[PDB]
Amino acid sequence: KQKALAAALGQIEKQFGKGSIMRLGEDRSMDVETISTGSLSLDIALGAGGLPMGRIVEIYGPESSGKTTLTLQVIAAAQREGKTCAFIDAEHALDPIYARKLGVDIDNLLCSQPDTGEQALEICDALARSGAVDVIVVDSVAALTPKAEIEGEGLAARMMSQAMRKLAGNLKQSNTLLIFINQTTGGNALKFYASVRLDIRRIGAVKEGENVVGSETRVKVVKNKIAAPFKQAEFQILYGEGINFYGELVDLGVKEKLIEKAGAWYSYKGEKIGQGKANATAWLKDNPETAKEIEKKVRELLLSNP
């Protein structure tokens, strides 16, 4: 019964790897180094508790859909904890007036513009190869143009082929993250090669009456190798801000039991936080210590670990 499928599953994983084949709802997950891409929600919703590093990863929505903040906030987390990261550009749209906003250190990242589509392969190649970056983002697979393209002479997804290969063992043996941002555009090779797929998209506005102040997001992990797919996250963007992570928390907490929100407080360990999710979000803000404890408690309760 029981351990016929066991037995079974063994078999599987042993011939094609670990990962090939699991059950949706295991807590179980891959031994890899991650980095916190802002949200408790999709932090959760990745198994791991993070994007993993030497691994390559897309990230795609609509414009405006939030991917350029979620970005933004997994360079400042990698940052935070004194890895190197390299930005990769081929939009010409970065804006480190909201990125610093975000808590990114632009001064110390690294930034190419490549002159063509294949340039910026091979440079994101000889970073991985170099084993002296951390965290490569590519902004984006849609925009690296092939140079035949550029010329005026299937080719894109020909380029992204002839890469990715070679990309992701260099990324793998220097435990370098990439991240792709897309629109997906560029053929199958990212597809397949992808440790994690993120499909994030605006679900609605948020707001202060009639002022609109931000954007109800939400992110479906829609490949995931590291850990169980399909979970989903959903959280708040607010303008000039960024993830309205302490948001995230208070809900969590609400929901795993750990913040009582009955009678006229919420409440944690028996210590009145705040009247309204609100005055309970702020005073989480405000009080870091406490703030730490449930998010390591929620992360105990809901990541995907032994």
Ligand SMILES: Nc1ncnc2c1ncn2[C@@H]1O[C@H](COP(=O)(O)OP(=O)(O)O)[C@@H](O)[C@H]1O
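Positions refer to the first chain, counted from 1. Rigid core (definition): largest C-alpha set, two forms, superposition within 1.5 Å. Compared with the form solved in complex with the ligand:
Fit the rigid core and compare the CA positions between these two forms: of 61, 247, 274, 52, just 274 moves by 2 angstroms or more.
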Second form
6 protein chains.
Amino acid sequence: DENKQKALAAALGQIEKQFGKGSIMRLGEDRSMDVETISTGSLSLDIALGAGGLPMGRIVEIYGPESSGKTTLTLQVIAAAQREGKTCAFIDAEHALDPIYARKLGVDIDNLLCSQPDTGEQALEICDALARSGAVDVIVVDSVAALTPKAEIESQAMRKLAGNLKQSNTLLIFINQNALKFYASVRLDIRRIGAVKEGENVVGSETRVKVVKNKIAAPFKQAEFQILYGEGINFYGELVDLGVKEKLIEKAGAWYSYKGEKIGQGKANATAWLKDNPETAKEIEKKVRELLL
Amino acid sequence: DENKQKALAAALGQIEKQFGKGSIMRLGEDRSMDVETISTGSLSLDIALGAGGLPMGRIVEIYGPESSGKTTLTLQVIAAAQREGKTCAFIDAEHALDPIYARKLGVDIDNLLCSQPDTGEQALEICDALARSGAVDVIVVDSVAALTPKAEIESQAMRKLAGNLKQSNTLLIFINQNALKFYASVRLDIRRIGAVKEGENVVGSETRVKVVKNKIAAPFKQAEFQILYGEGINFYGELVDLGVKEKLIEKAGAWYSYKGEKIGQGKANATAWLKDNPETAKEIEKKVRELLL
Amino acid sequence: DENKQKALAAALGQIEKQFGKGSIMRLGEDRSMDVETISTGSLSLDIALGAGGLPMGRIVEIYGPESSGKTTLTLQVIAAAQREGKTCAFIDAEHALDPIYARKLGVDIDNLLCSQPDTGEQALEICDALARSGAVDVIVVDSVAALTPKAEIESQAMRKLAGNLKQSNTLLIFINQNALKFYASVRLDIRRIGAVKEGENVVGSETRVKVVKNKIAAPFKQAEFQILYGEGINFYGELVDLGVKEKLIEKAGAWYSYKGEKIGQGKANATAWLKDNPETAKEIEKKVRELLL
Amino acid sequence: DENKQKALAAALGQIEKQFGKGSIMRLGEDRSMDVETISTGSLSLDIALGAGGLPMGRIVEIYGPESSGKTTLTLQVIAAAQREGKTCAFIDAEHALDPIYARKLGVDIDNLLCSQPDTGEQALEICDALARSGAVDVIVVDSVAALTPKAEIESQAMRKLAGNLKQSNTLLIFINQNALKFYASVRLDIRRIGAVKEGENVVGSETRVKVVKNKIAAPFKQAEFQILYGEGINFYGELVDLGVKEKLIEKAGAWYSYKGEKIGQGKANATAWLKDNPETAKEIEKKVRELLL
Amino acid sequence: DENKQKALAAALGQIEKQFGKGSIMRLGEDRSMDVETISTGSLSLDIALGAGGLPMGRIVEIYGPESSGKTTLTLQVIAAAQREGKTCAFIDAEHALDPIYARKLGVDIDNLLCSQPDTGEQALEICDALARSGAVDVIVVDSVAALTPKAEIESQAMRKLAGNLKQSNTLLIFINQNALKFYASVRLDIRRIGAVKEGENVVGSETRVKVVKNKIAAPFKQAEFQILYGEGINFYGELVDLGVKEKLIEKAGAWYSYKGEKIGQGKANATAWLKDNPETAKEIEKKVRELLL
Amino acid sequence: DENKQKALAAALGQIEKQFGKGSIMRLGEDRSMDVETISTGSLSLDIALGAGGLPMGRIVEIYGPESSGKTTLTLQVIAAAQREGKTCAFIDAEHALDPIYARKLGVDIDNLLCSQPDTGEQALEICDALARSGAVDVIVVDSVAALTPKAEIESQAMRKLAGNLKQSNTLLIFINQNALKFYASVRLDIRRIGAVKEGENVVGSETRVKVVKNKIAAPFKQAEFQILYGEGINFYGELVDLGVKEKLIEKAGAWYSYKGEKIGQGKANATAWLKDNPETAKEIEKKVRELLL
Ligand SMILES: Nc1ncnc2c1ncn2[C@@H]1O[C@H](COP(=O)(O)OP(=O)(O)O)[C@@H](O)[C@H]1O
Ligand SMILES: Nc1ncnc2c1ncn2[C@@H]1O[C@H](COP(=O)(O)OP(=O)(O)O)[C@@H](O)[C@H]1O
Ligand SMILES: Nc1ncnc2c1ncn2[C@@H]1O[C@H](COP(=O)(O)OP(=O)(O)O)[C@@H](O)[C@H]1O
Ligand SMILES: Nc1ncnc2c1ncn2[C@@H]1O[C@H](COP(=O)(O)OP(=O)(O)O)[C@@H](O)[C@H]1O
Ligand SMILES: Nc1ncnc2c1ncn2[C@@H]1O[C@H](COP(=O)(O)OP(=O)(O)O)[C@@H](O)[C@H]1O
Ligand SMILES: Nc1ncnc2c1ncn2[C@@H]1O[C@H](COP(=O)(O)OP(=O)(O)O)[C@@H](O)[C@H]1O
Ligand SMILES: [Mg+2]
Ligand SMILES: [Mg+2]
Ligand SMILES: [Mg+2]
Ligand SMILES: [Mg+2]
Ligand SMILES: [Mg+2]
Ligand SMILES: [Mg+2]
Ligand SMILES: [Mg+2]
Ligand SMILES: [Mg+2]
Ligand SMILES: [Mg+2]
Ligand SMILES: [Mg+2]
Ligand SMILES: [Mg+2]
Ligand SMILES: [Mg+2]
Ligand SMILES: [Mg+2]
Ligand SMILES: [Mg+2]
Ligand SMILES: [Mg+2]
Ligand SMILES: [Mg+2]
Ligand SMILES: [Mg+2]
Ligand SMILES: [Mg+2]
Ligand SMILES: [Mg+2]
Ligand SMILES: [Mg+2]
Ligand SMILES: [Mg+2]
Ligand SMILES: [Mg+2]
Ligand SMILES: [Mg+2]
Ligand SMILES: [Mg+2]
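Having displayed the form solved without the ligand, please output the structure of the form solved in complex with the ligand.
The next block holds the full complex; its first chain is the one shown before.
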């Protein structure tokens, strides 16, 4: 019993000492590695990640079918980073960025560095150079599948990239539509699981993200949220549901209320209220994070 | 005659003395090695295994095509072990565990240890460390085919692992989609042999498991059962068929009855009755096991 | 002339005296060594072997591509031996025996001894121990190619094995997919040379076995027969063709007849008739053997 | 001049007296030792050998890559010998003789003596015993490379063998895929130098044999012929070419004619004509031999 | 000074009187012993030999790796000798002479004497008998390494051979792949130092011969030339280079010219011109020899 | 004390008077016999020899494994002698001299006398005749081990040779790969102790020479230097190290400087500078010699 508990603790400790704190974990442990993170723009996903956002200095992979929300997520990560004065770069092989939508999500387009590489090797070399500069905080590559080998147009790189990103504390996200599978500290499976309709017209998509790999906190948690056309992740909608779940917001059938006052009849109205009262929303969000992180 | 019977008995005895009781057996012998086991969650498979479940302290291999039920089986083994207060670990290289489905199968996710190794060598070293701790009862590796060599990403280990697992009495299961082939005490070939439909819609799969290698009891026995989507192995369905086979449950055409009373018209209803009357089901299961083990 | 005939007879006699009766032979001689044999389940192969089956106390090798019929042949040898009350053992390194198919071929699975060795050395030692017991009549090793050396997993043996098998009169068959090449008294090359179709669907395979080495009777004879899925060697089909060849069964174009009566139109129907009239079939088989052996 | 011619003649005569007529020769001399021979089945090779076939009482080596035609040649030698009522033996270590193909080549399989020795020493002892009998005319050993030493399975012999073969006038051919190199009177290098196609399908092989050692006539001559699948050496094709070369058969562009009459348009048709008119073919063959031997 | 010059001249003279003119030499002396020679077929090698070819009545050794050009050289020596009406003999232990290639090199195959000895002792005795005849001008032994001692198959000879060859003025060349090392008057080290390609395909080999021992003229000179497949030594190519070196042929960058006229652009074309204009080539060759010999 | 010092001085003096100045010495004495010498081409070895080079009129032995640098050393001795107008002879039994390499080392090949003796006795007699001429300054015999006795091919000499060499003041070096051991005044043990690489490719060998016997100065000193392929002993490299050792050249970490100016960064560059500025190099060399000799 106690003897076995001590033997297990020691064994797990030796494993962590040899391979790192995130090398083995109990799926239910409420502990996370002390790591600097950048918000994904989704409250439920920041919670599912355990650390409250994506880890700096690491490689992250986000994959899923076209239109599942990969680009939207990375643009919101960039916006979050830029708000904190961080320098971001976008390595593009898709040729599909919409600056109007990006600005809507909060991205400072004017200060976003961008490269549209001729070959996959050039793209990786540019990433490594930005990584080695110690002056770039976030790099987004969209997408992996578009990176065509030079030889074709006419593993070793990943190892060096990972090392350089770690040394400079640079977060790098690969959007994908074994090297990456193994070098990534976080891998996200994102998919559209339904449509959001304001009556009879489709205005967005119901989205689900599974954290299939997580080396900074317990893996396999999931997040669900809506992505509204031209607006991005419906953060306040997530806050309504999580506020209720943590018993910070009461739901009397269809009426939602906070601290004894109604904020809206129906999730849509409750969401709008939080959005129009950001100072209070920030307090609820802060409370939710303290409880679930 | 008698002289030859004694010569054969002595020869087989010498073989067993030199290489172990399971080194040679008569395929029809109703004897099994005294070994501690953990249920697979399938009554027919526990029977096919001869010992009533998978043997602790040994290496087991379960292989078959994608979606044949390998993960489902290992999760039900984990659930069975945890119910008995055993400590389990999941070494993942697939990045595909669904905790919602796992909890449905009975797994205590919160207490499940999990590791997502960077390389095949790291995965094996972690297994060995858990094995040497003497504090881990069940280790599941999913999957063998995903374990990529470090050198690639940028036999000797099996021998030590097997020895350590034996010393600590730790069961280790490798999911695969010559080292393993020879070090494993039990090897299971699992495959989907049909679809289960509740009318016009597919709700599960007809499954067949062949015990192709068994060093704890006679090999080559087979098990057949259904795996229902979101529910796992249809144990009560197996109990209906085995109860009838052992003449514990009578089948009057389409009506099934127990001790003179009808439990259901059609296998589906009979199955539901056993499921809703677990105390009686446990008695029938106990009877079946005593007769076939 | 006569002087040369006597000189040749004496020389051949001296060779046989020094190395054994089967050390030299005329390929056309209708003489075979007096040796106890076990049927292969194929009438044409028993004939091609010259002695009417495989020789007890000797080593036999059967090799050919996967699915050529090696296992089927050895299972039918086991069934034939068991029918005569002989004790058989199956040394398995393939982990692929199907007891349902085996029982269909006539094998008494319950009484079949089985070993699934960890290493090639262990397998050979088990064979030798069974050989030295004087209580095992037939040993089948499947397969040679799967016997991995212990050193790898982490000639001298053949000599002793051959001697022990001879002393106990134990037949041992090695299934293979220079030691064996030279120690074997019979070596069979088996291959699939076509498909058998009952209309538009494949129901079996056309098979050809060449006796490439034979130390008990003249080598190089061949046998041709069908192996039907789930049924094994089509013995009665061979009997139809051989009965006709030896003029015991008449064939009037498409109609086959025996002793003035039609047994079937087309080989398939004639085969079915013999199968349903075993007492007569046994007489024809006996006649064929007396004529060709 | 004349003095030097006489000195050379005397010196060569002394050499021959001391070591044998074939100890030294002028490569262009049209003289051959009076020796009994057996045809190889190839007209060009019988010519290249100088004596018209292989010499009895001597050792011959035929070597070349697999499928070059070694076995085919030896089987045709056996057929030629048997046609003359000679007794032949086949010492086999290859376990690959096809009696159907052999009969096609003219071999009297029923009367062919055969031995499949356990060791290289046993094979040589059997050869020597057959050699000493004075009752065996031709011995073929296939192959040298397969003769494994007893010690391994668990020069002095060649000297005695050669002496015994000489005394009994027995021809012995070793098929190989320094002892032999030096004891052999004839050594043949055979190789496939192309494919023979009847349109778009391969039906045979273009073959070339070099007489690299010849102690009965001038060495280094070459022979070229085709070996057709299932038929053996295309003798009549050689006869067409040699008949033309010796101006016995005229070739008017594509039309071949004999004694003023066309026998075929194209080598294939001319060959067929000779084959269908053997009595005339034999006369042409006889003429060619008288001119080139 | 002068006194020392006279003392040295006398000492060297006494040495030569006691051991022979070639017993000591100045490496740069442009003097050679008056000896009859036979061309090697290589202009640069005849020059490197100092005497203009190999010396008659002496023993010569030519050694080097397989395919370096040893046989080619000896065949060209034989061709040169035969052109002058000399009688040549080939003592073969290699069994590899190609008469087609030999005729291409100029060898009169029909008149070439050949022996294929059973033992090394027999080969040497045959050489000695040919040597003592006084009727053989050139003897080539290929090869030394193949001469196996009789005792094995089941110095003193060299001394007698050398004496007999000297008395009859017979040149003997040993091809090798201390007796010979010391009895030989000339020893040649030949090796392939590159490939000759007519574009992208290999058509020959770049060859280098070092005169490591020379008792008829200064040793250690070297020769470089090409050996073209099926053609032998590229003599005209050597003539182009030597003609230029001796300023008999002018080279204006890539254009070669003789007596004011262009003979070709590039060495290949210049070579072809000399080959097609042999009467002029012979004059240039004669000039080169007079200057370098 | 003083009495003992005088007794020792007298005793050593009597020994020297009776057997020669070099019959006994203090290993540390900085005195050497007044003897004419010829440089070895190695500055460190000339220093280790004590006299500044090899002594004329004496016998020297240089031995070591193949490729240790024996021939290179003797060729550089010959070059040094010839530069001073001395007459040199090369007695060869190796048949391996490369005149291209020799000229590179400074040897005047054209004026080098050379003999390639048939027997060991002939070689020694030629050496003695050259020795007695009083007109040869340096004789090199390569090698001792190759000198085969006449009797074999089919001490007393050393005594006379030594006497004659002494009388004529002729230096004779025996290259070896008790007579010599005792008659030699200097014996050198040379060996390769490493490889010299210009990056990743081997360009030379690190060499060590031990003066194991020295009758002209204190024995047992050692020399270390590099031998570069195609260039010989790296003299300037030795000068850099010795210049530094004697504080004539300063080394500031990696920078070498002379008289206040940098000559190169790294030994390689410093070496190159001395090589390109021979007039200064000669002054440094002269200084080093005055200090260490
Ligand atoms: N340019 C855009 N303008 C308005 N909405 C957009 C735009 N791009 C994406 N969206 C919204 O985001 C959802 C997911 O798109 P996106 O993040 O581009 O998917 P992915 O990169 O996975 O293909 C869309 O269904 C849409 O509602
Ligand atoms: N996450 C899941 N949710 C619901 N059913 C599942 C889930 N995973 C597996 N199953 C059920 O189990 C069956 C076999 O799946 P699984 O055990 O994952 O196969 P394998 O691991 O061999 O690929 C599926 O066909 C399905 O019915
Ligand atoms: N389990 C089985 N069930 C039904 N038929 C089988 C089975 N195993 C073999 N057969 C039949 O035998 C044929 C040859 O198979 P087998 O004897 O196993 O080949 P091998 O051992 O040479 O690989 C198959 O093509 C099939 O018709
Ligand atoms: N059993 C056979 N049936 C038909 N043709 C054969 C057979 N064996 C050999 N041949 C023919 O002879 C050619 C050479 O075969 P073979 O004499 O066996 O070669 P080797 O003995 O040198 O390996 C083949 O390419 C084929 O055309
Ligand atoms: N039979 C041949 N036919 C065509 N070229 C040949 C032949 N034999 C030799 N050669 C040419 O001569 C070169 C050297 O061969 P050879 O003189 O036989 O070498 P060695 O006797 O030293 O082994 C070959 O690389 C080839 O270009
Ligand atoms: N012919 C040559 N060409 C270029 N370098 C040579 C030559 N001969 C010797 N060397 C150089 O001298 C080193 C020693 O060779 P050498 O003096 O011949 O050794 P030894 O005579 O002791 O066998 C070689 O490792 C090589 O670097
Ligand atoms: Mg670490
Ligand atoms: Mg941890
Ligand atoms: Mg996108
Ligand atoms: Mg561009
Ligand atoms: Mg990681
Ligand atoms: Mg044991
Ligand atoms: Mg047992
Ligand atoms: Mg799975
Ligand atoms: Mg085991
Ligand atoms: Mg016997
Ligand atoms: Mg017999
Ligand atoms: Mg099988
Ligand atoms: Mg045998
Ligand atoms: Mg004789
Ligand atoms: Mg002759
Ligand atoms: Mg063959
Ligand atoms: Mg012979
Ligand atoms: Mg003389
Ligand atoms: Mg001279
Ligand atoms: Mg050659
Ligand atoms: Mg000589
Ligand atoms: Mg003295
Ligand atoms: Mg002294
Ligand atoms: Mg040397």
